[PDB]
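Participant: Residues per chain, in single letters:
There are 4 protein chains.
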Amino acid sequence: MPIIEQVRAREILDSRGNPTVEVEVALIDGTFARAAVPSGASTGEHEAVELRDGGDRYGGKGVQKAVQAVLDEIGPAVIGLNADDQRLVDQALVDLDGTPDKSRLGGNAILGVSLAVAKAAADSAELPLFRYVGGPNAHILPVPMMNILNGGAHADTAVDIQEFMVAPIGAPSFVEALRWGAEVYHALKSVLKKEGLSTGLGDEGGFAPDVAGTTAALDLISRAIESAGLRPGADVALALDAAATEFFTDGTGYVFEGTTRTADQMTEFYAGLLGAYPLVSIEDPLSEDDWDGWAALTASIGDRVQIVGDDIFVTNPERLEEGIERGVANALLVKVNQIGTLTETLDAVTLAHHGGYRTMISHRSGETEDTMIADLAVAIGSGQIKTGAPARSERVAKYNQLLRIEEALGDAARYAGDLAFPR
Amino acid sequence: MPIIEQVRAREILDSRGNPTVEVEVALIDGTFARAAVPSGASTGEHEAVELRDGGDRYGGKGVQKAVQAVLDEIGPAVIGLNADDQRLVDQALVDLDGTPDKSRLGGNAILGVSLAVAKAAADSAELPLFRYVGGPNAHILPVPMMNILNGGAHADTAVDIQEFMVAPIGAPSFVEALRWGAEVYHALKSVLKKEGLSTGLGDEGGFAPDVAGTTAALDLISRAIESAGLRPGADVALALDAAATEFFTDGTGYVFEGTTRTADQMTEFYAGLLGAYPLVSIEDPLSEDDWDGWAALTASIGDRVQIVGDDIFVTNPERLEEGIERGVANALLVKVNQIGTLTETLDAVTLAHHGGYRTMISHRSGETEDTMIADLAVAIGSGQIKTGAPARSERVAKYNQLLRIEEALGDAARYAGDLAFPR
Amino acid sequence: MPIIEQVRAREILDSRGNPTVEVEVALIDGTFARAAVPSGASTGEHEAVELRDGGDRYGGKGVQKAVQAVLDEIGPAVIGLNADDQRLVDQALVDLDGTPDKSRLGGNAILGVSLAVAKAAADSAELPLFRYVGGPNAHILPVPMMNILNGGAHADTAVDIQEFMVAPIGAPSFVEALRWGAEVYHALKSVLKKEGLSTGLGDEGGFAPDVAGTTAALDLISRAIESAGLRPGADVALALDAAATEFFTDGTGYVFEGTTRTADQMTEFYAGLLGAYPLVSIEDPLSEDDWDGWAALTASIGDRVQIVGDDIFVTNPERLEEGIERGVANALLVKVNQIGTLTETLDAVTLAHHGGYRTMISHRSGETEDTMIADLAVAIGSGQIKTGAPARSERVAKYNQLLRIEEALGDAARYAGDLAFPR
Amino acid sequence: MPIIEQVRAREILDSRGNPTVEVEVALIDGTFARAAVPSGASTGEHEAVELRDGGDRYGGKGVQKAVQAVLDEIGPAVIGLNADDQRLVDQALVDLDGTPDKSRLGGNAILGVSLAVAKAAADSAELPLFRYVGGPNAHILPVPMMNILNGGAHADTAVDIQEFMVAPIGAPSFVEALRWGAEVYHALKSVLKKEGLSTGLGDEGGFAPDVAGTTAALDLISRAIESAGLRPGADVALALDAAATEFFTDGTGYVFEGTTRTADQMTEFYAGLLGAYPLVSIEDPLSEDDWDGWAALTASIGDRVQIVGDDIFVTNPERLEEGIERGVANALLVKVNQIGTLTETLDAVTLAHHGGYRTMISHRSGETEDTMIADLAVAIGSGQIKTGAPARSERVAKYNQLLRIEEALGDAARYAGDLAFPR
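Chains as they are written, first to last, in this note's numbering: chain A, 1 to 423; chain B, 1001 to 1423; chain C, 2001 to 2423; chain D, 3001 to 3423.
Simulated from the structure, these hints should not be mistaken for laboratory data.
Be aware that a few hints might be false.
Unchecked claim - Straight-line Cα separation of at most 20 angstroms, SDA-like style, residue types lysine to any residue; simulated pairs:
| # | chain 1 | residue 1 | chain 2 | residue 2 |
| --- | --- | --- | --- | --- |
| 1 | C | 2193 | B | 1190 |
| 2 | A | 189 | A | 393 |
| 3 | B | 1194 | C | 2154 |
| 4 | D | 3065 | D | 3001 |
| 5 | C | 2194 | B | 1065 |
| 6 | A | 61 | A | 91 |
| 7 | C | 2061 | B | 1212 |
| 8 | C | 2189 | B | 1065 |
| 9 | C | 2061 | B | 1175 |
| 10 | C | 2061 | B | 1229 |
| 11 | B | 1194 | B | 1175 |
| 12 | C | 2065 | B | 1288 |
| 13 | C | 2189 | B | 1176 |
| 14 | B | 1065 | C | 2175 |
| 15 | B | 1065 | C | 2407 |
| 16 | D | 3065 | D | 3082 |
| 17 | D | 3189 | D | 3232 |
| 18 | B | 1061 | B | 1104 |
| 19 | C | 2194 | C | 2222 |
| 20 | B | 1189 | C | 2403 |
| 21 | D | 3061 | D | 3041 |
| 22 | B | 1061 | C | 2230 |
| 23 | B | 1065 | C | 2230 |
| 24 | C | 2193 | B | 1407 |
| 25 | B | 1193 | C | 2154 |
| 26 | B | 1189 | C | 2154 |
| 27 | C | 2061 | B | 1041 |
| 28 | C | 2065 | B | 1407 |
| 29 | C | 2061 | B | 1104 |
| 30 | B | 1065 | C | 2403 |
| 31 | C | 2189 | B | 1041 |
| 32 | C | 2065 | B | 1059 |
| 33 | C | 2065 | C | 2080 |
| 34 | B | 1061 | C | 2408 |
Unchecked claim - Ranges of calculated distance between the beta carbons of each label pair, as one might list FRET restraints:
| # | chain 1 | residue 1 | chain 2 | residue 2 | range |
| --- | --- | --- | --- | --- | --- |
| 35 | A | 354 | C | 2172 | 51 to 61 angstroms |
| 36 | C | 2195 | A | 419 | 58 to 68 angstroms |
| 37 | C | 2032 | B | 1258 | 31 to 41 angstroms |
| 38 | C | 2197 | B | 1258 | 20 to 30 angstroms |
| 39 | B | 1082 | C | 2418 | 32 to 42 angstroms |
Where is the CB? At the ideal position from N, CA and C, for every residue including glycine.
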């Protein structure tokens, strides 16, 4: 029977050296799962909050309090519920907390118990996690968007765009897409030296070069794609993560390249980009409060490229409906710990699917060796995933799990290449 | 293990007294599931065809050779595959047939094996058939659309619309919706008798009264809703199945009630109805091939009411993509035996979900005691179902299974009442 | 072991849209059963009464009270008893009620538990339900008496005979008997349309057209048997359900065809019928209390035809003995919910077998998808069954179960054709 | 599963010191049953034939041939069939033999395999043999007819009535009936010992002293009933086994008491006996070929007493129907080894039940420690049994098994006292 028997959390380190929670939900059979909770650099005004300790131990980022919360309250508050009733246990937790942010118990503890009971309600039925969460029709492997060149708010250099990404949309299978991504990565690693630059990896495995400007960055990436042995656009596309809030001074314009600009000027810059490069997707092109500018930019360049809402929505359905109404952001970005539980992620991704919006399962800055977002991007059939460059094995664990998923499917699997970027 | 061991097939009678196929896929453990294949009154030009015997036995509708196809070819052609691989087994069947409409082996000998395999890839995992096919987030109970008054191509009457339906959209739960539907049904049964009419049940349990004109029928239905104790629009809505192909003389026009009309006139009729009555959905309003007329009518009234494509699309993805891009019919009916497999069913419903189209799991004229379409309407989360009037227990078995589903969910269940008809 | 662990009831809809009880009796060794209780409208004075709610819900036909009788009282009153002791559990229930007609707990809340434990005292021994109740020698498949024409108290028509039935007594097996019945039923659907009559199905799937007198109806049936490809008498016989109580005015006489008659006149009408048509059985020829007229009728025609007591007995043994004494009809209908338990059913059928009376398992007006009476008609070896026309799959589910039974027996099965009607 | 795996046969001694066959059937599911075949001396022309060895070993009564027939031919001919399919295996045996008497393989070997298969099927279902062979409604305990006074063809005495039996019809339960029978037996033993008469037990444990005549014998029995403390007729009744064939010279007449007389005078003697004594049953009152005399006697006294056909029928259905039609012998005597299988036994007892005839499971002269006929008399619900006096533990094993059956039933059991002898 899939009824929870024990729950116990411990405190571990994430990929950045900061503590995080790890929950281990056992079942009355012997099914013993384990799920670690990722954590972002910060938190806006609408996400679920992490319950950090605060003080001097671990730089004020200890999670002994969330561990204690799991071990004292969340433990017996679910022991005895039905594992396969994800909508039972998740509402149980959300009411046990009682706040709109899960502040009393922290989003990290709630999410840890949610994910571990899901991994036990998939281990129980002997299904694999992607098959359980997605059913029988879970067969699509996503297009990996590999952030190879970092800039903007990361390396404090002359670049303003945050993440430059490549996407092997032309591959025949997923394993060839992973090969092409790794080859473009290792080609850029040498183009940097052949242009006198540095090879210091950021937090996603991407590079931190001191290149002139945005256009120079895209040109460097295109040179690396050509040097790999591929054809830009037909084999490998490009993508952007503008992260506009990092350079938008409220009351003034966006400060880009050393000039103050309006939303119209940024839209003109994006149109000039869409011109000379095979861009398929831009993420957070304007600030998360400039709804009118977002509608303007969506109407202007929203038929030729994907528009991802990373900050303007925080995987909250209540803001997603509003953004659907005003005609902004034809794509969502699903981060599992910005909403706090599996069920709410599934509901938000449903709501964004039935509105004409593509979704994209995404990673956090501090990840672990947990490979659940791979299974989750296969299950919901998003056809896109954003989980870093092929380096820093907290990013590569996801790609390895997707390889195993494809191998386990076999003839059933399908690579979602070029069916995920019609524009 | 979920590996098929033994497959059998026999010939049984459907709800109308015609033969049909019943398959019994067995697993190595002992999992033993049976599934009967429904069948429509006629097989069109894009469906999968049924492999009838032909001749003089059973009026030429015997299925003794679709029973033989399962026992001589399909049995060993699937024995040994993996149950949880719906994609695998369904592609195996589709290639073993080798035709664009499954004619060599019949679109009934294959669907039986598909379904009875899915009823064991869910019986094995000990999940219930609705939790398997839809995952963990399968919680939405659909709005029953009850066909209480039949007309048009069903009986000799001056009525031109095929099926008049009621929909209890204002109920708090599903069980109260079923109660309201049954009460409206009995109220109408009393009203017809009190107004000197007949109570002869059709093939769906709906009535065949000798009333004059469409408007009088909607008025009778509103009077029955009032007499039941409810209020139209706030508690119970209305719906239509025009089935207008049944009176469109090609090159002449939609001749009905003694008036030859163009596509424009039918739109005016529908606008008047939508104004004077609380309609929420009209099904097949114009014709199977009048694409331009469909685009016109969708532009005219296609945002104040639901437009269901029953015949213009045949649950075929290839025609569905065309109807999407041409902007017609923001809804479709999902009849499982017009496509041939469970897999292609899920694929078409996905393709129509991601296009802004609501779906509606529907029944056939000849059904059986098989209650699979209930489990399937709650798994895909359609939020609508069309399975006849609360009579003729081949139609009530579905409602009983939905009651059991709602009871098995518990507090997790949600009734999709009023959140399926925004217009 | 076969010891009852849980019992739980719910409220579902029957084939006519009225509520009924559905009980589920789990055992310790898994063995989860369910059994729905049928319910007929025409309740007399000696049967067990149904515990309806009364009020405004469901038109006063709710059964929320009988669902409580099972969940609060009947549940623990049997939890712990032995399943294979039908006598034990059924006497337990009959004493726990304490009334001569089970009125305190309802003759529907009790029969559900009886039938469900009998379905678990066979699912336990892994025997099939027909083999358990009848032992090792349960091998006889019954002749189906298919009701194809409805008249009398059913529709506005000049006929006073209630049900006109055909019986394929000349078939080699049961499958061919079902085929011949379905073919006659589909032939009559044309002979009606080929004479300007209506095809509105009643409550048993039989037609309710406007014909002139009994003789014209029997002639239509003979024409349909001829048009099917068979020959009357040698292949298909005839049967009658004279519901003569429906036209007997106490103290005035049987008003038949518009001419007041006495018992002698009705006997003369029956004797004239026995000449021109191959009738094999008539049920309820005169009335419930007209004992003297019956003993006078079972002597004039009681040698050349079967006389079935449908209302003169209500499956009550106490009435059945006194009927055996007075030289009254030589057959009875076994309706399981007019007596209240399986045990008393078996006892009454035993008492009527040894008296030289043939039996006939029969259906109710409101049935469900429960196919128990098929197993019961095979087990007791009645050699006759009356379960409606081959339509309305609440009636066809029984025939499908009899087909499954016949192929599960194998070479052991025997069709009781023409050995059930010696006269 | 209930599929036969091994069949063995050995040669043992019966209660009289003659060899007989014992068959042991081992199922594939561990079940291991053992059954021994009784054998009587007096064999007519229609019973099954016992396959004896013939020669000088064991006086020509060896059964090594039947043992070898089971071990070489029947074993593999049934190994693999389904236990619960009694009719399957029994038709298999009857065709494997190929003769109308089973003489090629002997009725004893076939019956041994049949009975051991039934015992293993009952042991498999975990039901006890009476519950299996009778179903759920097997609850009636039979009235033991105890043969206490032997005469006629058994010893040198002036009596022509073969068996004098007492029947405790007035007991409240079965255990009190057995007590009353044993007490009457010991009282008669004392009454005989007082009169210097012989106390040498026959083959049934009953005495055979040199009494004057039939009337003196019945008077001695009545004295013994009075001396026990009971009331003749109200507590204990009487019964006869005349076996008139043992004193009917064909063409001369029944030489009774030393006065040759016709059937009419024998009927007069029986009428006088019935008048002056509480006789409830007479067995074989006339010869087994004098059908007309039997009809005369049945008309004369055949409603004031039970007329048991022991030799006029040999448990053969084909002779039973002929005796039914001519109005003779309103009772049957079921000996299991005169027909050859359990299936044909059940069929003949059914045929005699549905004709107004009571049945009576009976024993043979050479019995064994096998107590199967007790279970069989409970299962078929005969309400009578004839298995000797309470002595000679091959007769008492049956009564002990009936005690255990009653104890296992418990509150469900019913003693068929005084309900089995209306007249």
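Participant: Which earlier hints can't be squared with this structure?
Facilitator: Of the numbered hints, 1, 4, 5, 6, 7, 8, 11, 12, 13, 16, 20, 23, 24, 27, 29, 32, 33, 34, 37 and 39 do not hold.
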